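Just the one chain here, laid out as structure tokens, in the form deposited in one PDB entry.
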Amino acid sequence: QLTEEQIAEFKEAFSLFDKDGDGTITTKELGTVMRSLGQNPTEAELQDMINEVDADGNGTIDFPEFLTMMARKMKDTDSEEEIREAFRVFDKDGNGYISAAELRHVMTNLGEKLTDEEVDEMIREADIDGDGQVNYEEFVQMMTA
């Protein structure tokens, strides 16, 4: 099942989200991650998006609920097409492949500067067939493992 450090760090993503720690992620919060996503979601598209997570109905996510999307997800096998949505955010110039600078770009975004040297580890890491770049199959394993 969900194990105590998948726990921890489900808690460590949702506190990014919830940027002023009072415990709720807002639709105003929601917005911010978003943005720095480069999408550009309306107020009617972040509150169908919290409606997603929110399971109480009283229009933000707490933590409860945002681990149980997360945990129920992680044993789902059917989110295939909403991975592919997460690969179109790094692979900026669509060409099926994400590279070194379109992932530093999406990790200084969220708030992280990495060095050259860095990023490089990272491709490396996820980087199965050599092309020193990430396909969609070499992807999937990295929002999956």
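Residue numbers count along the first chain shown, from 1. Compared with the form deposited in another entry:
- Hinge residue, chosen from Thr77, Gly94, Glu117, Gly21: the C-alphas switch from fitting one rigid part better to fitting the other at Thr77 when the forms are compared between these two forms.
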Second form
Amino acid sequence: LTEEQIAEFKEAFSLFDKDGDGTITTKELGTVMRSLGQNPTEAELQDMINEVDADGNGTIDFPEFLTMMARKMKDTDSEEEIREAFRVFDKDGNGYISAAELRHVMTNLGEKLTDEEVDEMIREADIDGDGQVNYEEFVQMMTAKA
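Can you give me the structure for the form deposited in another entry, which would complement the form deposited in one PDB entry we have just seen?
Chain alone follows, minus partners and molecules.
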């Protein structure tokens, strides 16, 4: 990051850390969300802290806040990259990737496919059963950590 970039994080962080102690508590998180019309229970807010609380000491320090913000940004950038790829792969722009189009993608990426392979790729990724790959289906094929 750069100096302005860290400034943005500090300030975002300060929106939560009113007492300036350099960590954010369940009480403070609760406070921020109360200003959004939601009413989280103390057992609720604890789970939210839990999701960010890497070292597990009950509060969220600044470096922990960083890591999880960088990860929300990475997910944003990934969705953007997935939309750009879909747009390139769906050459006729009809909103669906077809067999022919996937064959072309795969040929462009260095692979040598049979039709039975293309059909089994499409079939495993095909959620609504229409025999082509829409955007939501492509998202799951791109984000499979399996």
